[PDB]
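K.L.:
Letter by letter, the chains look like this.
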Amino acid sequence: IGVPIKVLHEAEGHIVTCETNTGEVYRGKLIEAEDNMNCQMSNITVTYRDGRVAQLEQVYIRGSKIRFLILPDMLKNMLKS
Amino acid sequence: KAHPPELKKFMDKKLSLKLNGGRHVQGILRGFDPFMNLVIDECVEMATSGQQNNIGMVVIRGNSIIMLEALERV
Amino acid sequence: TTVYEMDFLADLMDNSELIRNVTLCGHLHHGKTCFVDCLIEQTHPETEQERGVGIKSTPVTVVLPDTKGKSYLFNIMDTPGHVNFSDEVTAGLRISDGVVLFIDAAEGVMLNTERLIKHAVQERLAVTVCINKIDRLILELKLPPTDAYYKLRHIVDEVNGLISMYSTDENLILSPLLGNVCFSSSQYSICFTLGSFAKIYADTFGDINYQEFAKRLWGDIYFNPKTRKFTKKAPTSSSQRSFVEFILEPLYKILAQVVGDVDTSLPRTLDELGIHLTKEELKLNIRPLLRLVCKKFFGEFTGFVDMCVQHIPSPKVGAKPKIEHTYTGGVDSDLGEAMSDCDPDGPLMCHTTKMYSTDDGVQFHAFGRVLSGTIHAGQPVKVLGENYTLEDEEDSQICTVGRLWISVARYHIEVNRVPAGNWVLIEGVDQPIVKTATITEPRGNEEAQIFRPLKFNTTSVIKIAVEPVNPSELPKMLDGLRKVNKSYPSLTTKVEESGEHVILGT
Amino acid sequence: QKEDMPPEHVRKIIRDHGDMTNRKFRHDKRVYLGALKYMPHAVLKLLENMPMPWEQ
Amino acid sequence: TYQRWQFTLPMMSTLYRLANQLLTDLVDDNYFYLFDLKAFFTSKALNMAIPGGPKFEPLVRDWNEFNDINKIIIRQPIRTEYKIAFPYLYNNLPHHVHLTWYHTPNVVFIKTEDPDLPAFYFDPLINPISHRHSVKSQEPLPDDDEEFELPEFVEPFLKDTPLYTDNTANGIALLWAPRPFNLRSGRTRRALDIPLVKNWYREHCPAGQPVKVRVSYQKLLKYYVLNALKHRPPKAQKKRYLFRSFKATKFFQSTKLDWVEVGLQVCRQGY
Amino acid sequence: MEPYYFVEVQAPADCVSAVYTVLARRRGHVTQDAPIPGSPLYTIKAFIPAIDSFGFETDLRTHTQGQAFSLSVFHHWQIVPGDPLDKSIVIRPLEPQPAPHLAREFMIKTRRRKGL
Amino acid sequence: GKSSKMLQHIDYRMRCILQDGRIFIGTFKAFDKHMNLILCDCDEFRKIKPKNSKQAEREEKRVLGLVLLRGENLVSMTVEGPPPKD
RNA sequence: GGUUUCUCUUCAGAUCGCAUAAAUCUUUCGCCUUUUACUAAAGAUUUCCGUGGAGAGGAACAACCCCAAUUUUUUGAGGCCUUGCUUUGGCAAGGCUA
Ligand SMILES: Nc1nc2c(ncn2[C@@H]2O[C@H](COP(=O)(O)OP(=O)(O)OP(=O)(O)O)[C@@H](O)[C@H]2O)c(=O)[nH]1
Ligand SMILES: [Mg+2]
Ligand SMILES: [Mg+2]
Numbered sequence: 003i004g005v006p007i008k009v010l011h012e013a014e015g016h017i018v019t020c021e022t023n024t025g026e027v028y029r030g031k032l033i034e035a036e037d038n039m040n041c042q043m044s045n046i047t048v049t050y051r052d053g054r055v056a057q058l059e060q061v062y063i064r065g066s067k068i069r070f071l072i073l074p075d076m077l078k079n082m083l084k085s
Numbered sequence: 003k004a005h006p007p008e009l010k011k012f013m014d015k016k017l018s019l020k021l022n023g024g025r026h027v028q029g030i031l032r033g034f035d036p037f038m039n040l041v042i043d044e045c046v047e048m049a050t051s052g053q054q055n056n057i058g059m060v061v062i063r064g065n066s067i068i069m070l071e072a073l074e075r076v
Numbered sequence: 099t112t113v114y115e116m117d118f119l120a121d122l123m124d125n126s127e128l129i130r131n132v133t134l135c136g137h138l139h140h141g142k143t144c145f146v147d148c149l150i151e152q153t154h155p156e173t174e175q176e177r178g179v180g181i182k183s184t185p186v187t188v189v190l191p192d193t194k195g196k197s198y199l200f201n202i203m204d205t206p207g208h209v210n211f212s213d214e215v216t217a218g219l220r221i222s223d224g225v226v227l228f229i230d231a232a233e234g235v236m237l238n239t240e241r242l243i244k245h246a247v248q249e250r251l252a253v254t255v256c257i258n259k260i261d262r263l264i265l266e267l268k269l270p271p272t273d274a275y276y277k278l279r280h281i282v283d284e285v286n287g288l289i290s291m292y293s294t295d296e297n298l299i300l301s302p303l304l305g306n307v308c309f310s311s312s313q314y315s316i317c318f319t320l321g322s323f324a325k326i327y328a329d330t331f332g333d334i335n336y337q338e339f340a341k342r343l344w345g346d347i348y349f350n351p352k353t354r355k356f357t358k359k360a361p362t363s364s365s366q367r368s369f370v371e372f373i374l375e376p377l378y379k380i381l382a383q384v385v386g387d388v389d390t391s392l393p394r395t396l397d398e399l400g401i402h403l404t405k406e407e408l409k410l411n412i413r414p415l416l417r418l419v420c421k422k423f424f425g426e427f428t429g430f431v432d433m434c435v436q437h438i439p440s441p442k443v444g445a446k447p448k449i450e451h452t453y454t455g456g457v458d459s460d461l462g463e464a465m466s467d468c469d470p471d472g473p474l475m476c477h478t479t480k481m482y483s484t485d486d487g488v489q490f491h492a493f494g495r496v497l498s499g500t501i502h503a504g505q506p507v508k509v510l511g512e513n514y515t516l517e518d519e520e521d522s523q524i525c526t527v528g529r530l531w532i533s534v535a536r537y538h539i540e541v542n543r544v545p546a547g548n549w550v551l552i553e554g555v556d557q558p559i560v561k562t563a564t565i566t567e568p569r570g571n572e573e574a575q576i577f578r579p580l581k582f583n584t585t586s587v588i589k590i591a592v593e594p595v596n597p598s599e600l601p602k603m604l605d606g607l608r609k610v611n612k613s614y615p616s617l618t619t620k621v622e623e624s625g626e627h628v629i630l631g632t
Numbered sequence: 057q058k059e060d061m062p063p064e065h066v067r068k069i070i071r072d073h074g075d076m077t078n079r080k081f082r083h084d085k086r087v088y089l090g091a092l093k094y095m096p097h098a099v100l101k102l103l104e105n106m107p108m109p110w111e112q
Numbered sequence: 224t225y226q227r228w229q230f231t232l233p234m235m236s237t238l239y240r241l242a243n244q245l246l247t248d249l250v251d252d253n254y255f256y257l258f259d260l261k262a263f264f265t266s267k268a269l270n271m272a273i274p275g276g277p278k279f280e281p282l283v284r292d293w294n295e296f297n298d299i300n301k302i303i304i305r306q307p308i309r310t311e312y313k314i315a316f317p318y319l320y321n322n323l324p325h326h327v328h329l330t331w332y333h334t335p336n337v338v339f340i341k342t343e344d345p346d347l348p349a350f351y352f353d354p355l356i357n358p359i360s361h362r363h364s365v366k367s368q369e370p371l372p373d374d375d376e377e378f379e380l381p382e383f384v385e386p387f388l389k390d391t392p393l394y395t396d397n398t399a400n401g402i403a404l405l406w407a408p409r410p411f412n413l414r415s416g417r418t419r420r421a422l423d424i425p426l427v428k429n430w431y432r433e434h435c436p437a438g439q440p441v442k443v444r445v446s447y448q449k450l451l452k453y454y455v456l457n458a459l460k461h462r463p464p465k466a467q468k469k470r471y472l473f474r475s476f477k478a479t480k481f482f483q484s485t486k487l488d489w490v491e492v493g494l495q496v497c498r499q500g501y
Numbered sequence: 828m829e830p831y832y833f834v835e836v837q838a839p840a841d842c843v844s845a846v847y848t849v850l851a852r853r854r855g856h857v858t859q860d861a862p863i864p865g866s867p868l869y870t871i872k873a874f875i876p877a878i879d880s881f882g883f884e885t886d887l888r889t890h891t892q893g894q895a896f897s898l899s900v901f902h903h904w905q906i907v908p909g910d911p912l913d914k915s916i917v918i919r920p921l922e923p924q925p926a927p928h929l930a931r932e933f934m935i936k937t938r939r940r941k942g943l
Numbered sequence: 004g005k006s007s008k009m010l011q012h013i014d015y016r017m018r019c020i021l022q023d024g025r026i027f028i029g030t031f032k033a034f035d036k037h038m039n040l041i042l043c044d045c046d047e048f049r050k051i052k053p054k055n056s057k058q059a060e061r062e063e064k065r066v067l068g069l070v071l072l073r074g075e076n077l078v079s080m081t082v083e084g085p086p087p088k089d
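Chains as they are written, first to last, in the entry's author numbering: chain U, 3 to 79, 82 to 85; chain X, 3 to 76; chain L, 99, 112 to 156, 173 to 632; chain P, 57 to 112; chain G, 224 to 284, 292 to 501; chain D, 828 to 943; chain R, 4 to 89.
Just so you know, the hints here were simulated from the structure itself, not pulled from any lab data.
Keep in mind that the hints are not guaranteed to be accurate.
What the hints assert, rightly or not - Simulated pairs of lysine-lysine, DSS-like, Cα-Cα distance not exceeding 25 Å:
hint, chain 1, residue 1, chain 2, residue 2
1, R, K88, U, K78
2, X, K3, L, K194
3, L, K182, G, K313
Could you build all of it, start to finish, from the sequences and the hints given here?
P.N.:
Here's what the structure looks like:
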């Protein structure tokens, strides 16, 4: 698969977030992920187009619906590039 | 290739569909196809006017499908 | 006589749920330390030896990719295979959360395999099985594939019936379909399950569903070509079963090609298997060759890590069926639940089951797992004896931590802080304590309980009286008998009424 | 480089000298003598390459 | 320069068959259990002697209570085999001792009779499997008739190759050959450095050949052990080359001659 | 009562006689002998007193050229053939006592060391 | 065909412009098939990217960090910095 | 841009060289009238027969056709009205459409 997709796959379990195609953000821990980008997240926070922030228990969302996504300070460590 | 949603554990549970149009429905998500399509029965659409109106069984178009957020801990 | 990576391992530490605590067990000589050795190379490209027998067990901590790439923390307690050092199996099954019985392709069921499944049942761990040394069916045994499958099915059915002997609840029947058993030949660089075998099958070939495919192979299912559809018994093709057809036959030829047709048929079959090899690396001798080729085909380790993570409690799931046996209460008010959290937090109730002395001095390195709390350097901690009961506190000696070590097999890794979920080698609490200790908060008192001092499989029956030649150095001889009593689990010494020093052993 | 010779060269010198009695050579006398210190090298060398009975 | 050879497995199997006579028909080392260098080192150090092994001069040269004859039970009498198997349990002051032990997983590699029957071929020698049990088992068996189907691109990962050839049974036999043969490529040694008979004198039970030859066996064993024991790393180096220093001088010529000729030459020169 | 050991000896075909003889030498009680399927090996199983458990490994491997191999575990205690209390049974103090007197000696020597 | 034109600006700093118009400043440590961008220590800039303006260069700034974006919207790639040897 | 080979220089075996010789010294052991030549153990040091690492020249020999409706080379995300906002800019909101 792709190198960013592999970073995401190994990011299963670690603390991350995402910003979807519409401009809202959802943060969470790594629960599920696919090479097809179908994102399973849990105990997340949600911050909407004005900034409405809250908790969401679990969800699974299509890949194309994600534009950006935040990883923690760990993974940057396949440094062959 | 052709990997579908990991929707076995997610089957048979009520989730709210947020898709295009600001499109909000609720409904029991019990199945789909590997294109990320849904087939969600008991769907009550939550229009902008706030009304949740039940229409029943449909084929939950993954095409513009953004996300589904469930009401149980599955 | 790891700068950018120990941070990473530490965050995995604080994860406490990518981590796997197992004891690596089995019978004698059966491949364990060889797999571990090849594996330390997979990790770093960076008396026992001459005896050829493993005597004491060793802890290893490593970070391994599973078949999707998520790194895992692995605590592996590699045991002795010798019947008499089973006290090491006891300590290992204590401080770890599951067991991996590794069994030989050539033998199957014997003494330590049998009584090791027995010990693991009576202490309710996870049950893993890795059948190893599979060349011993092919090059050594010369067994055609059908009867090869026969023997494999036999080892499986014997061990399973025996676990049925020791287990009331048939919650688990083991066969490679579920994630129970890896297949390996440790020195020849091979680990696989039907899972990863078929998954690399796919990763090389067409798109087919690797997981559903893995669901189809072991256990008497056939496949007919024209249908391309797996069937219960209905080829009168009078052919093999899916597992044979897909794994044995091909690898039988793989080997027979490596060792028989090393010269001509290996270039073409090497192309056909996708691996290229340079002239100088085919200019190798047969066993180094077969090892390198098997690596470059079968990939690293995946049957093992996959099956293991697939059937692991992981102390965060962990604690709960354990505190029953571990703790003297299990769960009443304070500390059963305290550890039951398995969080890095507060209480700090610990179980040190090993003490490895420095070749230099008299001190030890205590070794045990963090059920509760978070231990760090200089932290005062108060130890809980084997005789320590709630209202016998003199037994509790109170100390601190000098330095903190973590173990890859024979390299020592010092840091300053560790949370619940791990094992650890403590410096500083050796002199007060005996075979087992249970550690608690220093100068912080809420209230503490202890675990029952470790119970064994074996009957100690042998009697050996010992004396110095000149009675003058008897206190030094006493220092020595101390140190052996502390470094050994059930070696029991007594100063007998006749005035003597007797040892009772296995 | 230092290069080989026809065998007949040495053969001629050696059958020439024979046993150093002829007053012709009369100085290889003393060099011959001084060569004794290495006669145990010649013998080890000769005997460790012997012809291994399947070759003639 | 004639080094570093590489060979073909046909070559190797033919050679093996030809040097079959001067060879050991052993497959592993569980034969030499109490008969190896380390056992001999322990014996030598304890001045004990294995039945068929060498004897060495003793290494170095009142009352006790454990030896009290009223307190002992002799049910099976101690012997030197035990005192060497467990050096520290069965001996006081065991000094300069090697603790040798071996539980080598016995190897079972079955000789064929003819080349004919296939490489993999169940021979009577193996015991007939006949694994028995209860009602054997059932599985979480994913029945078909729901569905599954193989996109007919894949194959059983290689079926276009036969399992065996006219090289397979060789390639298996050559997997347990003494060190010279169990290879395919390696350096060449000097002609002297090859001891042919080591495998012969290192055998454990000669079983009734004259006392002459049995004593011979043991004294060759002794020489072997001493050589092993007194071995130094070469420890130092300076690197004269006598013959190059000779050849680089204006008095030395060179040739290629016949052995016998240089032989009569050397003799004449010495005389 | 003295303990017994269960032993599990893998053996090639021939030395069955050997293990039988050795166990008889040490009061064996071979219970079981059965092949290993998929190999020309046998596995023999037997009891043997903790007393005569000593060096039996070396004895066996020596007599059979290491072909056989013995592993042992304590299995159970049992009655020793002796009458612990008879004064008319005397100890020839180094020769091996025959079965009627194993517990008699056992007591005498054990107390002689310890019990007085 | 020479195919380095990616990796040459890889291992180098890059300003990535998504179809959302903002400036994502990050190291191009790699690309992907769909052109996704996994770049660390990243900064999200919304008002401008600043170019030696006597007025200022810091307006509408946030720290994103290790960001992994899907290349579905990866629009423009420029070089904003050289390699920091870290 | 590589091997084979010649020669020239330079450093090392910590289990070797899957083989294994001799010498010197210190001390015990034995042969015994004296010394050499010996025995056979230990310890400490060496020579020799081979090998390995590095470099320099030099030589011979190889060679300047189909394609997109959840992640990018087709994608209908379209407009405006009004409001609130904020200094204008501009932001966010509801609706009408066709
Ligand atoms: N022939 C063969 N042997 C193998 C293979 N993999 C492992 N082994 C065996 O593994 C041994 C290495 O030592 P181990 O047997 O693992 O030591 P151990 O069994 O762990 O000893 P304990 O620690 O006391 O249990 C080698 O002697 C091999 O006999 C293999 O693929 N082929
Ligand atoms: Mg081991
Ligand atoms: Mg005189």
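K.L.:
Each hint: holds or not?
P.N.:
Hint by hint, here is what the structure shows:
1. Restraint check: the Cα-Cα separation between R:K88 and U:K78 comes to about 14 Å, which is no more than 25 Å; the hinted pair holds.
2. Simply put, X:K3 and L:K194 have alpha-carbon atoms about 15 Å apart, close enough for the 25 Å limit, and the pair holds.
3. Distance check on the hinted pair: L:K182 and G:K313 sit about 24 Å apart at the alpha-carbon level, within 25 Å; holds.
The structure shown violates none of the earlier numbered hints.
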